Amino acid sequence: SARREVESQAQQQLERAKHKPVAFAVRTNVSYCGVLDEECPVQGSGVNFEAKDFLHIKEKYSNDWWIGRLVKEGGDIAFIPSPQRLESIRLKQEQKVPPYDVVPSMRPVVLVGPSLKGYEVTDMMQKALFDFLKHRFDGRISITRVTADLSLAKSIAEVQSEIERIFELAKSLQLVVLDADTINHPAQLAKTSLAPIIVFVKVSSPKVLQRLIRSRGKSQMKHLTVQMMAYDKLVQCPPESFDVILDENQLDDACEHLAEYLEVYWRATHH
């Protein structure tokens, strides 16, 4: 094919980028099928993504094209349109918000529920999950505590410094898990650039949660109302707000459910 000759240089660049580390990562806000993009440096080798998919960028080829891959198992090295290119495409059809958000190379795992952090029922249930993860993923995981209020993410410098720190931890592609004290609801991070893997740690029902809080004593029961309200807010969230829902009666089943999901994520990110 004469096409093979014309693309030899672009194909060579593609081949080289394959062995390079991840420069940065983006979450998409638009749909884009590169396999059909006629002006892709190597035909058929254009990334194919939906909105909200993640891409690892290894290199910038030109002002029109980047090189990286769709974060999915079996997602091969491919040409990725720059934000500029995507704007020209949207402008073309629209005459015939940003396409990408920079996020960490590994989506930080964040636990929410069943109720408010700072209280025994939620802290104890989340602690058991954290301990399990430390053991199950030892060597492949960076679990860290974050006391700063990440919800204030775009004083403000402590929050930004923590945002950068999380990005840094994720750089090596290790599983990143955050024990973020102020995050009790998905909406509190939906505005940030963290793109966390939200894990909903559920309890059987409101009544069960009430009995658990009651079994803790007066100090915990004294704050029954705010905890019950936190639970309601969570169960009222649309399904898309959670990446993983741990609704198992038993801890071990919940742990295996989470490990299995995370094993899949590990494979999707390591290429």
The other form holds:
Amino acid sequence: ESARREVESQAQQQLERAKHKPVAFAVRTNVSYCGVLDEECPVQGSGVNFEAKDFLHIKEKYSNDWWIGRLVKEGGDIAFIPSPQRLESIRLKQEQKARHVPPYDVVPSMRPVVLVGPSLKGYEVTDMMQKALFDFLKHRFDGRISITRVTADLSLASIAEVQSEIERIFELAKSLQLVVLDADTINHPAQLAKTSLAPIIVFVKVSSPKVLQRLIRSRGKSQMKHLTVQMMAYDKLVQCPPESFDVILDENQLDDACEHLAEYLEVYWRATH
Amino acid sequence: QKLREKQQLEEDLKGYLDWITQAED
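Having gone through the form solved without its partner chain, I am curious about the other one (the form deposited with its partner chain bound); can you provide its structure?
Expanding to the full complex; the earlier chain stays at the top.
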């Protein structure tokens, strides 16, 4: 009806007016959704579509059932997004047809960049190889990046300092600037897997164990003593599945590893802007 | 034997060492 053509028209005018509004917050989805099928969508054909573990930038709220935002991927058009409420409905109306974990996790508007490997942090080889990358980033993305240290154990996400650091990370990402964390306690992807930080794990992967072993020897007797715990840490990371990391710096030349990481962060920047 | 592994080791070592020395700056 007539009053329906105005609502849809206006709904669509709210959708476009929001096209350039600030990113209120972000969510990582825990379920898939096919909005192109959702008939109740305020505007036929404006429903977002996403698989589980995707990221969404919420611009504004339309109603209790719908938000307005977009998928965090290049060419991510603004759209209507079902709220946890509406998703719950849908989850139940598909339950009755067969004869609690939330649909969304609120995450930082920019996923925290975190480095792991080639081995244990605290030792010269890993610390220096990662230091070289932090310096490169401080330079390549100067003007739109924040690189900060976190000594608090984030994998716990003292429990007060941890909370305070979680909040600090959210604040840093609010401006949509790149956020890189030099987190001393994170040596393995699984240590952040159950947090709500949804980091961009960058694996600095040394080709072979023989090589890493010789890099350690290059450091001197002091480092060589802790040879066994560095090699084990290396084995654990290497025994991890690919999907466990977002970026795998595979190259043996620093500048190539840097360009790899930069290309990736540049695609991310376009995706979030 | 397997002179390619030896070559590979020399290539990776040299690169990774330079990577480390660059951070020593």
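Residue numbers count along the first chain shown, from 1. What we label the rigid core is the largest C-alpha set whose atoms superpose within 1.5 Å from one form to the other. Residues that one form lacks are left out of the comparison.
Taking the rigid core as fixed, one finds a CA shift for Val6 of 2 Å or more between these two forms.
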